[PDB]
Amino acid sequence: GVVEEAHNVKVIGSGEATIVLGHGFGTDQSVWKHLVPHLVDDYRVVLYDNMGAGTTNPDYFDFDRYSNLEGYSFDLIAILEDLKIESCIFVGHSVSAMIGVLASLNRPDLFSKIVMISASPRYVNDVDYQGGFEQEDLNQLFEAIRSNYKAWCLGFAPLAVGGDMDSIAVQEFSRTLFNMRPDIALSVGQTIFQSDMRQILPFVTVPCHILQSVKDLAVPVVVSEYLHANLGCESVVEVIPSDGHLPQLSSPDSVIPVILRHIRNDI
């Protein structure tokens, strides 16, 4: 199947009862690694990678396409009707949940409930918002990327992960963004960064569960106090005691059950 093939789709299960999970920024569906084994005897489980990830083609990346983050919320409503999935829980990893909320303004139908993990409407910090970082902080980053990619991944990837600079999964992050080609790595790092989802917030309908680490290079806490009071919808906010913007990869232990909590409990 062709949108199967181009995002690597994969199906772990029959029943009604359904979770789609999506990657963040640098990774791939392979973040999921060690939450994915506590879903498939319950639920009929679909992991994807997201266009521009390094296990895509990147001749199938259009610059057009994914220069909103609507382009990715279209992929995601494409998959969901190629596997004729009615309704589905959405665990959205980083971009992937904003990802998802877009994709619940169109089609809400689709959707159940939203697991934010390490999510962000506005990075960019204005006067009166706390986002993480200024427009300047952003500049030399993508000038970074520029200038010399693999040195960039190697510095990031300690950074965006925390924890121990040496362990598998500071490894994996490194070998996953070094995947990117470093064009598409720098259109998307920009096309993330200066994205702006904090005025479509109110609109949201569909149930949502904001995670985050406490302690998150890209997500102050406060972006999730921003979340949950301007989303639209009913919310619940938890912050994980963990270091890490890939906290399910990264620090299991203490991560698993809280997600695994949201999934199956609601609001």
Given for the second form:
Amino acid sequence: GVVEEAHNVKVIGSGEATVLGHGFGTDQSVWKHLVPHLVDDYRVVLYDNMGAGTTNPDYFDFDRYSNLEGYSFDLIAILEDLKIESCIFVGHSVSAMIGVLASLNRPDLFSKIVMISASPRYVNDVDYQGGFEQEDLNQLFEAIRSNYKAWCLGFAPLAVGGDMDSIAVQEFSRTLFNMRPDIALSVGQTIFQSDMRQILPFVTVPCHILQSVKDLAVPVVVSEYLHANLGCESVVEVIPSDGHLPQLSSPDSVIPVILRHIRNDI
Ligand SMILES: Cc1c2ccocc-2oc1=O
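Okay, that one was the form solved without ligand KKN. Can I see the form deposited with ligand KKN bound too?
Next comes the full complex, and the chain you just saw is listed first.
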């Protein structure tokens, strides 16, 4: 169907036991080192967020995606079209919050959410550390629109972490620059200025909160904030890894942690 085509949906396997959503600047390929260990036990569903470089820019409705809710509607639509009545949802970065929002509307569709590199709020205030002051964000946005290619080349090593010459850095630079520059600026603004803190107490689906100990966009205190304020049962595990896309750049240390949280309930 057109929704599935538009999001490059892939379904690997069959059966009841069953979804992985990616973060800004990448696409479903971010899961390449995780998927091989899932396909024997689960029906695996991959999809791309609207606005990813692998998607048609004509379908990027700026009003629809001006709030994270637009993306959660897309997720629910995919689940409905595939006739999935229950899934484990694994969300990277913004997709963790997209999954959370989707679970507020349709908690019946999710048995568990596993979050990788998640944050409900990036901007600091006097009683909250998200990692960024508004002035930092303003300069980032300014850099994006002034020269997108240059911004991508400087940002990718920082976001990915590790060696600046790595395959993961090269690959993230590529998917980042694959986004149309106006869409990249708009999505960046929407995400980096989001605030999901206030809805956390309303979450009912259990959540596993995982992140790298060194993450450019997610201070460790954010994981504890999520744990303290989510209304569901939750658990946190901070991984001895570097990077915002650790499942791609450091799979040997990260994949075993993600698998434990997928396979084991709280
Ligand atoms: C989520 C996220 C960010 C949030 C705020 O600033 C820079 C970021 O780079 C990212 O990948």
